[PDB]
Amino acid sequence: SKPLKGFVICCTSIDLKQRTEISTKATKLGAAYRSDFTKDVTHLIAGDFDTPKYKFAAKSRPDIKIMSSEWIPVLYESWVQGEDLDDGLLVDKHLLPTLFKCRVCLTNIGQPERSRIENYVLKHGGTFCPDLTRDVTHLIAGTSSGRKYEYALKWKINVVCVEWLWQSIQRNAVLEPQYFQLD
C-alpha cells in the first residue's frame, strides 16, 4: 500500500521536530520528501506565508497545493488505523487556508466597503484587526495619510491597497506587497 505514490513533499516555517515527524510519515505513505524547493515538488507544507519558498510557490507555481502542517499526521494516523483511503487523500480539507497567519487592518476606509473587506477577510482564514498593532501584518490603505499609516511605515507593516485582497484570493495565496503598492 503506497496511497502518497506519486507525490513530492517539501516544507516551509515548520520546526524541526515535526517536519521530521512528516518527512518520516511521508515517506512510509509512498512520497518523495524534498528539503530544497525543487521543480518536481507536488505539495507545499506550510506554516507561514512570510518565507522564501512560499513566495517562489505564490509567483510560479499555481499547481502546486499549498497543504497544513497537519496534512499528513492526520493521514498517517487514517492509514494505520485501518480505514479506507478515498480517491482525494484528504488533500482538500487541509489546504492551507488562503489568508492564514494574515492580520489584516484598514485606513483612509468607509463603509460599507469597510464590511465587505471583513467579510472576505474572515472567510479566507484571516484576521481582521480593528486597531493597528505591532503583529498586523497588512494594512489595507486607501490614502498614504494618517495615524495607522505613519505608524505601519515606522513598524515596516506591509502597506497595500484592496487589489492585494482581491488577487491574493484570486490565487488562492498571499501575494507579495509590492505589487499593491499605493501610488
Second form
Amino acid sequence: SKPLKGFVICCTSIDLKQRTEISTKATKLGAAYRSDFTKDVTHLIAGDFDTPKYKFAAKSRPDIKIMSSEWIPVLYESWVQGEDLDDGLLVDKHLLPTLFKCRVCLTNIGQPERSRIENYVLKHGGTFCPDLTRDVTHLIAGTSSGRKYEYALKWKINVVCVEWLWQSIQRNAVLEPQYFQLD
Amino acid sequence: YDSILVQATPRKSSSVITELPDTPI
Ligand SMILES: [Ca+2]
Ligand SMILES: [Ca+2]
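Alright, leaving the form deposited without its partner chain aside, put up the form solved in complex with its partner chain.
Okay, now the whole complex, with that chain kicking things off.
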C-alpha cells in the first residue's frame, strides 16, 4: 500500500527538477516531504556535503540517514514495476558514500600510512590526490609545515589531522574541518 | 514536529550578468 509511511524526506544541493521528481515520487510512496530541514526529518538526500543542511545532520542528528539522489527514483521504479519490496526499502543500498565529492591530499605522513589512507579514501567513495591542486577539498597534514601545507593555507583549502578521516568514516558523514585543526 | 532546524536553500537571485561565454564550437 504505502511503503514509505513514517518517512520524512528532505533534500540538500539537489537541482529543482530532481527535487520535484523526488518530492512527487516519495509522496506517492507514502512519505512526507519537507523543504525546510525540520525536526521530524528522517532521511536527507544530499548532492554535496558543503551545505548547512548536511552540516547540521552531521553535527547533531546521527539518527538521520544521508541518502544518494537516486534512492527515491530507484525505489519508485521498483515499486511501480510491481516488484516486492523488503523491509529495508533499499535504504542501505543507496546510502550516500561517506566521502562523496571529497578530494583528499596528504602531506608529512610516512609510508606505510600513506598507502593505508589512500585505501580508505577510495573505499568510502572519495578521490585520492597525490598532488595538491586548487580543487582538493581536504589536505591531511601530519604537521603544519611544508609546501603542500603552505599553499593549502594560501588557497583556503581545509587542513586537518588524519583523525578527520577516521572519525568521518565512523560517523558515516563528512565532518567539519575545524573539529580536526592542527595544534 | 515542524520546528525549522535549517532553512531551505534560497533560490539564487537573477544576478547581474558580468561575462558572456565564448561561442561553443
Ligand atoms: Ca547524491
Ligand atoms: Ca580517530
